[PDB]
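Number of protein chains: 2
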Amino acid sequence: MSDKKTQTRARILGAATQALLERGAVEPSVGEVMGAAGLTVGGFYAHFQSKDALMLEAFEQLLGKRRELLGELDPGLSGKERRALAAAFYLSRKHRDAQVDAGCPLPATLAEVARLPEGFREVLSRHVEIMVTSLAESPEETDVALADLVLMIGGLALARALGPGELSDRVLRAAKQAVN
Amino acid sequence: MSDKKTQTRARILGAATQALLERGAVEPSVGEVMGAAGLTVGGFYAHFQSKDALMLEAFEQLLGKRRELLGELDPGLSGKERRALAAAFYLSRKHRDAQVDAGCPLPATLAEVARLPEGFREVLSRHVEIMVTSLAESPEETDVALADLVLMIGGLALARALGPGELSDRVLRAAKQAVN
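The listed protein sequences derive, respectively, from chains H and X. The first sequence runs 50 to 229 under this note's numbering. The second sequence runs 50 to 229 under this note's numbering.
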C-alpha cells in the first residue's frame, strides 16, 4: 500500500539502476530512463534534481544492497568460507548476463568513477572498506579479501565483455577458483 | 624521415589511443581527438572512415603493443616467473596514473565492449587467448594465467577508480601479491 508519488519515484529509480548496472552512469540519458519506466519525460525533475543525482542515488542503493546480501551469509562461516561463498554468488553466468535481482554496478561503472562527481568515488571507497573488513577474519586476510574483490569485479567485467560462450564461462571459473 | 600525410594520421591515432586509454571508446568525440592532436577538425575524414573505425584501430594497436611488451620478457623464465613480472609491470602507480608509454586499454574499455562494434570483442578474445597461452607453461596453468590477467585488469581498474592514495596503492599491492 503506497501512493502515486512514491511509486513513480521508485519506477524512475528502478529504470535508472537497471541502466546503471548494464551501461554505467555516463551513457544513459534522462529520456532513456523515463522511456524505460514508461513515464512521460517531463515528469523527471519533479522527482530528481539532475541525471547525476539520480545515478549517484542508484549507485549508492545498489551498493548498499550488495552489502546487505553479504550480511545474509552465515555469521559462523570462516573468512575463507565467506569469501568462497561471496565469489560463487558474484561470478555466475546469471550475474554476468544481468539476470539477477540485485546486480553489482562496479563492472559497468569503475572506468567512469574518476570523471564522475566525487560522491561516486566516496561511496566506492567506503563500500570497499566495509566489504573487506567483513570478509577478513584477521589482519593477514585484509589483502586476500581485497584481491578476492578484484577477482570478482574484474572477472565479471572481463566475462561480460567476452559475451556468453566457452571463453567467458572459463573466465568466471578461473576467477572463482583463484579466490583464497 | 617521413611525410605530412603519414605524420598527420599518426598524430590523430596518437590522440585517439590516449583518449581511449583514459576515457574508453564511447565518450571521446572526433572534435576532442582532433583538438588534442592540434589539428583542424575537417581533416578527420581524409584519414579515417568513422570514429568507430579510428577507435577500433587504436584498440587493436594498443593491445598488439601489450603483446609485444610481454614478448620481451626473458624466454628462459618459468610460467610463474613470467606471470609475476607481467603483474609487476601492469599493476604500477605509473600505469594506474596513465604515465606509461604503452598503456593497456582494457580497464577503460571492458564495460563498453558488449555495445561496441563486434571487432572490439573479436580482438579482445584473441588477445586473451594469445596472452594466456604465452603465460601458461602447462595445461594446469591456463586457469592460473587467466585469473592473473583478471587480477591485473581488475586491479588497475579498481585502483584507478579509487584515485591516488593509500587505499588505491593497497589495491595494486594486494592484486599483485595474489598472482600465482
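A hint or two may mislead.
Copies of the same chain are indistinguishable here, so a pair counts whether it falls within one copy or spans any two.
No more than 30 angstroms apart at the CA atoms, straight line, and that leaves these computed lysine-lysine pairs for DSSO-like [what the hints assert, rightly or not]:
hint	residue 1	residue 2
1	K53	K225
2	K53	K143
3	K225	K143
4	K129	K225
5	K225	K114
6	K129	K54
7	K54	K225
8	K143	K54
9	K100	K114
10	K129	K53
11	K129	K100
12	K143	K100
13	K100	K225
14	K53	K100
15	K129	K143
16	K114	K129
Think of the hints as simulated: they come from the structure by calculation, not from any bench.
Checked hints:
1. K53 with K225: neither (43 angstroms within a copy, 51 angstroms between copies)
2. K53 with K143: Intra 32 angstroms, inter 52 angstroms, cutoff 30 angstroms: neither.
3. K225 with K143: This pair counts as both: shortest intra-copy Cα distance 15 angstroms, inter-copy 28 angstroms.
4. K129 with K225: both (13 angstroms within a copy, 19 angstroms between copies)
5. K225 with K114: both (21 angstroms within a copy, 29 angstroms between copies)
6. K129 with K54: For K129 and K54, the Cα distance exceeds 30 angstroms both inside one copy (45 angstroms) and across copies (59 angstroms).
7. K54 with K225: neither (43 angstroms within a copy, 49 angstroms between copies)
8. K143 with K54: Classified as neither: same-chain Cα gap 32 angstroms, cross-chain 49 angstroms, threshold 30 angstroms.
9. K100 with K114: within (21 angstroms within a copy, 38 angstroms between copies)
10. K129 with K53: neither (46 angstroms within a copy, 60 angstroms between copies)
11. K129 with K100: For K129 and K100, the Cα distance exceeds 30 angstroms both inside one copy (40 angstroms) and across copies (47 angstroms).
12. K143 with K100: within (28 angstroms within a copy, 33 angstroms between copies)
13. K100 with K225: neither (35 angstroms within a copy, 37 angstroms between copies)
14. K53 with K100: within (21 angstroms within a copy, 44 angstroms between copies)
15. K129 with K143: within (23 angstroms within a copy, 32 angstroms between copies)
16. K114 with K129: The answer is within: 22 angstroms in one copy meets 30 angstroms, while 38 angstroms across copies does not.
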